[PDB]
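Enquirer: Listed below, chain by chain, are the residues.
Number of protein chains: 6
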Amino acid sequence: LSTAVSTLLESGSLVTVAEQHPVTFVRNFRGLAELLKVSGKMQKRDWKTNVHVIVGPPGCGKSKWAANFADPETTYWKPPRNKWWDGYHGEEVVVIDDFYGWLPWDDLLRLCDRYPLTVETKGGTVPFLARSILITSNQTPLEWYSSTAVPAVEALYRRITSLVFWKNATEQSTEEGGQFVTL
Amino acid sequence: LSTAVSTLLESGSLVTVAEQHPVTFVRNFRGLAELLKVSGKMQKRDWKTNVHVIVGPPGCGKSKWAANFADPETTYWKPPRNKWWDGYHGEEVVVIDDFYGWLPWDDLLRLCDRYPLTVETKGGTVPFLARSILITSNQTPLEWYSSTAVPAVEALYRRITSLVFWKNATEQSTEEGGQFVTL
Amino acid sequence: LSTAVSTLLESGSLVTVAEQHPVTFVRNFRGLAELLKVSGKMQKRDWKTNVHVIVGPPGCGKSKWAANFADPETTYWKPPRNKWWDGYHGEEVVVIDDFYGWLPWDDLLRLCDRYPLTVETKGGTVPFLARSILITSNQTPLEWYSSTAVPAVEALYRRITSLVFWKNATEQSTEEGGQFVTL
Amino acid sequence: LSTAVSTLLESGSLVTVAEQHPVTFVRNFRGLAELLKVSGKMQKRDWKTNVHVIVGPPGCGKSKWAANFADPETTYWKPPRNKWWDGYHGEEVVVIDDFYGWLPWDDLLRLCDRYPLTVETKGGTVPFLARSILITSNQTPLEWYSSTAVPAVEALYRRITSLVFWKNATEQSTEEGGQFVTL
Amino acid sequence: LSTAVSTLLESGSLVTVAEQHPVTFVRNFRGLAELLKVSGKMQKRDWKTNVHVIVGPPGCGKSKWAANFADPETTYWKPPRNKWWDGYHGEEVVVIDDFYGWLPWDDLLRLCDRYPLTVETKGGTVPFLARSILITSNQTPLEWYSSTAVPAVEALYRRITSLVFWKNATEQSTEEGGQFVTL
Amino acid sequence: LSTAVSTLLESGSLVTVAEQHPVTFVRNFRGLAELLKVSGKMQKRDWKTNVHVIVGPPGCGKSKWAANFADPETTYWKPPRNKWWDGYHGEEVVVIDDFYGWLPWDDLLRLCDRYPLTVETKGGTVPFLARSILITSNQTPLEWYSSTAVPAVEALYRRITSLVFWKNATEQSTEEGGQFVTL
DNA sequence: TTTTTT
Ligand SMILES: Nc1ncnc2c1ncn2[C@@H]1O[C@H](COP(=O)(O)OP(=O)(O)O)[C@@H](O)[C@H]1O
Ligand SMILES: Nc1ncnc2c1ncn2[C@@H]1O[C@H](COP(=O)(O)OP(=O)(O)O)[C@@H](O)[C@H]1O
Ligand SMILES: Nc1ncnc2c1ncn2[C@@H]1O[C@H](COP(=O)(O)OP(=O)(O)O)[C@@H](O)[C@H]1O
Ligand SMILES: Nc1ncnc2c1ncn2[C@@H]1O[C@H](COP(=O)(O)OP(=O)(O)O)[C@@H](O)[C@H]1O
Ligand SMILES: [Mg+2]
Ligand SMILES: [Mg+2]
Ligand SMILES: [Mg+2]
Ligand SMILES: [Mg+2]
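Chains as they are written, first to last, in the entry's author numbering: chain A, 119 to 301; chain B, 119 to 301; chain C, 119 to 301; chain D, 119 to 301; chain E, 119 to 301; chain F, 119 to 301.
No lab work stands behind these hints, which were simulated from the structure alone. Every residue gets a Cβ at the ideal spot worked out from N, C-alpha and C, and that includes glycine. It cannot be assumed that every hint is accurate.
[Stated by the list, open to error] Straight-line C-alpha distance at most 25 Å; calculated BS3-like pairs for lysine-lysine:
| id | chain 1 | residue 1 | chain 2 | residue 2 |
| --- | --- | --- | --- | --- |
| 1 | A | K201 | A | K240 |
| 2 | F | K201 | E | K240 |
| 3 | E | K155 | E | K201 |
| 4 | A | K240 | F | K240 |
| 5 | C | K240 | C | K201 |
| 6 | E | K182 | E | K285 |
| 7 | D | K201 | E | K240 |
| 8 | B | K240 | F | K162 |
| 9 | D | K159 | E | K155 |
| 10 | D | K182 | D | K285 |
| 11 | D | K155 | C | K159 |
| 12 | E | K201 | E | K166 |
| 13 | A | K240 | C | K155 |
| 14 | E | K201 | F | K162 |
| 15 | F | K240 | D | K240 |
| 16 | F | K166 | F | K201 |
| 17 | C | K201 | C | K182 |
| 18 | D | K240 | C | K201 |
[Said to hold, decoys possible] Footprint (simulated), chain E over chain D, 3 or more residues, beta carbon under 8 Å:
| id | stretch |
| --- | --- |
| 19 | 131 to 141 |
| 20 | 169 to 182 |
| 21 | 212 to 225 |
| 22 | 269 to 280 |
Start from the sequences and build out the full structure, keeping to the hints where you can.
Expert: And the structure:
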């Protein structure tokens, strides 16, 4: 356990302690996470996270493309209508699926901002090291959060990387331009 | 417990650990489960979950067909009226009984899909992997939800794999999908 | 403990362990309940919970008969009006007392079915295993729930086993479902 | 520990253990609680709880009589306008202070009844074991509740054991039977 | 921790246990809370609370004399317009600031009585043991509540131990208390 | 160990405890947190909070000026149009944006006073320690309320420190404050 | 954490 802290407080936690020291992590699993969170070494983030937004009527393979995006080993699916990010003890595809506006708008913005973040799970907090958020929906992206219920709708628009609509029941087409309020 | 951790590392199932070495699994059960979560060898889902829907007036014998279907030992009779799936911890009949829509719409769509999902318990989250869901009702699925308060109701009918009915005081005659609505 | 776990895995009931060696159940009590949940030997229900309904104006001795139906060591008196089956860790008799309709309709339909059920306790889940639900009321089962606001009022009546009624200020006489809407 | 388990399982609730071997109750406290709840010997109430109402205009030394009815070690003064019984853990005499009608009717009946009951606390449940409910009030029991919203007001008066009143005299005089409805 | 228990059962305050024993409170911090809560001996109010109503038009240092009452540290400041006494943790001075009547009339009649009470906090209840309730206001105690809405009605104007007005922009003159209804 | 408490009682911060002695912070972390939360008095406030009102015609670069008052990383941007200061931890710029009269009058008068206050989130309370409140509005502070509904009625302007205005497309001019009702 | 709380 003396060596356990030494390995823990280098980088890349807790995945590498659990890989390297399996026995000592069966015990103290709450405490290693608390020590790491207390110190300023939770592997923070400085990269603008990519946001891909998909729109199309159901049955048009919205989520199929999200599944076929990166390796399934390194993919997380946000369970909807639930503000708990349990299961994020790996990382870095995050596919919030089948959206209808069920997240607090400010937090949704915070996930799409550039600053570091720490989401909360059942039994502590976990750093949010995302690189591509595939926000998959079925409706127009504007309607998710009403303009009266939001201080500024354009703030959400600013951090979108790319957007995809659906064509006349044949093709997935990429939306390019200012058909709606652009960024 | 080093043997127990190694025999968890490759098998990746707490059920096996509890079968082999109960004593260690009794003393440190949060630790083993969290180690399994962090090491990434969890059990995601990549298969379509069949949704057999039974409809009939009460007393006709809907639920006895669910209670005899797969095995008395591998069916999880879902606790009703609430979003808690406690005690589930693996496997693969999930029988939501006596349903009339008392589950959130988006979550009911998400239970009946091919892509992964973590489901919520009193203490944390247990991954969802169901090879077949049996839904028992008194109304037809056309009126489980408000057809106006739901954006696109075709996205539920598209997931049901078989809609079994009750005919005029004779038997449970399986209906054929795609006739009255999609299936 | 090494023997206590052995008893637990094959008795299938934490009550047994709690009575044999309490001292090794005072410690490691979460562990045993989680081994029992994982191993699958947690006890389900597959029998029919025969439901007795008692009616009569107040003070006529409804509750006394309910306390004289089984040993007080086993009768679990349901807490009123608040849908929390706390204090239940089993055994046969359940006396929901002084009933007037303070339970959701589907829960009253589903307690009395023959198939497994899990009830909520205050921060957990308890499996339901009763063999007799003595409902005690001042009103006939008609006046528990309004007919219009109920999918089918005949569903509850099918599950009532016996109906004892107080008449003519002498003594309560068992009914046979003739005058009442029969079962 | 087996001494603590002796004093617990043989007879009583956690209070007796707390009074006998505190150093064995600062440790193992959650597990003694679960052993008690699973053993089944958690003290029910099988007796009749006397109900002494006190009526008098504000300032007549109403509550002085209640605080002098029994030793302050065994008086639980219920907080007002709540359904919560927090902190109770068994306190023989229960003085509902200045009670103008802020408790549900059937719940007030069940407190004054003579058969088991488990009252609710913030995040748990506690078995009711009172023996003398002193209902200090301002009006006669005929003004606590209205006959419109009540099945039958006699159903409460049947349980008021004694009834002290204040009239135009410095003494408090008991009520011999009922000039109003009989108790 | 033998000394810690004997010190806790006498002083009845966890803060004292921590200060007189840091090391053995870092471990067994939950157990000491449960031992205190179950054993009894919790410090309950058995004295009279000394109400000091401070009244005058705004800007005259109503709050200045409120915080002047020693100490600046041991003075709970009641949250405005609210029900929950959150975080109170045991003080001796309670300064309800800038009152209008927001606390229910009966709750204010009960805060100033001479008997134990249990206030509500968001997640539990905390015993209320206060020796002076500085009710800063802007009106006299006559017009805090409507003349007819109060049913008692002379039960607040009994317990007002002190009173201070503010005269014509000169100084805070202690009201003699005789002109109004007596205190 | 023992020296952890020695280094905690002379720091007042857990961060240094983790830095110098992490090995005994991986264990016992819950108890150091409770010890700090129970031995150190909650942080009150005694400092007049500056209230810089920003007013102008809509869209005049008000929000950028608001963020430019101090560091955005320690700036709140209170969720508008409700009464839940979702913690935010104490963050000592407070920018209430687009205020147009929706907080209660006395609550706003209290938020800008020299004496402690505790705003409430959902499921708890957070101490309110703000060195600056930035009320960004649309129209004059006298139109936020009418003098009929507000029986103070000029008590807010004492609390306003300064005023920032936008003249006819020149700049965000800082108000004299000497023409209108004084500051 | 869930419960409570909203
Ligand atoms: N192995 C497979 N075989 C056949 N079809 C597949 C397979 N995997 C994915 N699909 C198709 O992917 C589509 C996913 O679309 P959909 O279920 O509408 O997404 P969502 O429900 O998230 O909007 C389905 O129409 C399904 O037919
Ligand atoms: N002991 C028995 N004897 C005869 N029939 C029975 C018995 N137990 C159950 N049944 C039948 O089994 C069927 C299924 O029971 P149940 O699942 O409670 O009804 P439902 O199908 O309406 O949910 C009912 O139609 C009932 O008549
Ligand atoms: N041990 C006993 N000895 C004598 N009489 C008893 C005993 N237990 C109960 N009783 C009688 O039984 C009756 C039960 O009353 P109660 O439970 O209020 O009826 P209900 O709950 O049906 O209205 C009481 O009136 C009481 O006189
Ligand atoms: N410990 C005590 N010492 C002195 N007097 C007391 C004590 N306890 C109660 N009293 C007296 O009892 C009376 C109780 O009055 P109060 O509680 O206001 O009315 P009620 O009891 O009708 O609510 C007071 O006038 C007080 O003088
Ligand atoms: Mg979808
Ligand atoms: Mg059924
Ligand atoms: Mg009864
Ligand atoms: Mg009183």
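Enquirer: For the pair supplied as a hint, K240/B and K162/F, is the alpha-carbon distance within the 25 Å limit?
Expert: violated (36 Å)
Enquirer: Is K201/D close enough to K240/E, meaning Cα to Cα at most 25 Å?
Expert: holds (15 Å)
Enquirer: Taking beta carbons only, do three or more residues of the stretch 212 to 225 of chain D come closer than 8 Å to chain E?
Expert: holds (count 3)
Enquirer: Would you mind confirming whether the straight-line C-alpha gap from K201/E to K166/E stays at or under 25 Å?
Expert: The hint holds at about 22 Å.
Enquirer: For the pair supplied as a hint, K240/A and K155/C, confirm whether the alpha-carbon distance does not exceed 25 Å.
Expert: Holds, because 20 Å separates the two Cα atoms, which is no more than 25 Å.
Enquirer: Taking only the CA atoms, is the gap from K201/C to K182/C under or equal to 25 Å?
Expert: Distance ~23 Å between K201/C and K182/C Cα, so the pair holds.
Enquirer: Given the proposed pairing of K240/F with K240/D, does the C-alpha separation stay at or below 25 Å?
Expert: Roughly 17 Å separates the two Cα atoms, so the pair holds.
Enquirer: Taking only the CA atoms, is the gap from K201/E to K162/F under or equal to 25 Å?
Expert: holds (20 Å)
Enquirer: Decide if the proposed pair is consistent with the structure: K159/D and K155/E, CA atoms, cutoff 25 Å inclusive.
Expert: holds (21 Å)
Enquirer: Keeping to a limit of 25 Å between CA atoms, is the pair of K155/E and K201/E held or broken?
Expert: holds (23 Å)
Enquirer: Counting residues of the stretch 169 to 182 of chain D that have a beta-carbon nearer than 8 Å to any beta-carbon of chain E, does the count reach 3?
Expert: holds (count 3)
Enquirer: For the pair supplied as a hint, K155/D and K159/C, confirm whether the alpha-carbon distance does not exceed 25 Å.
Expert: Holds, at roughly 21 Å.
In the structure shown, a violation is registered for the earlier hints numbered 8, 22, in ascending order.
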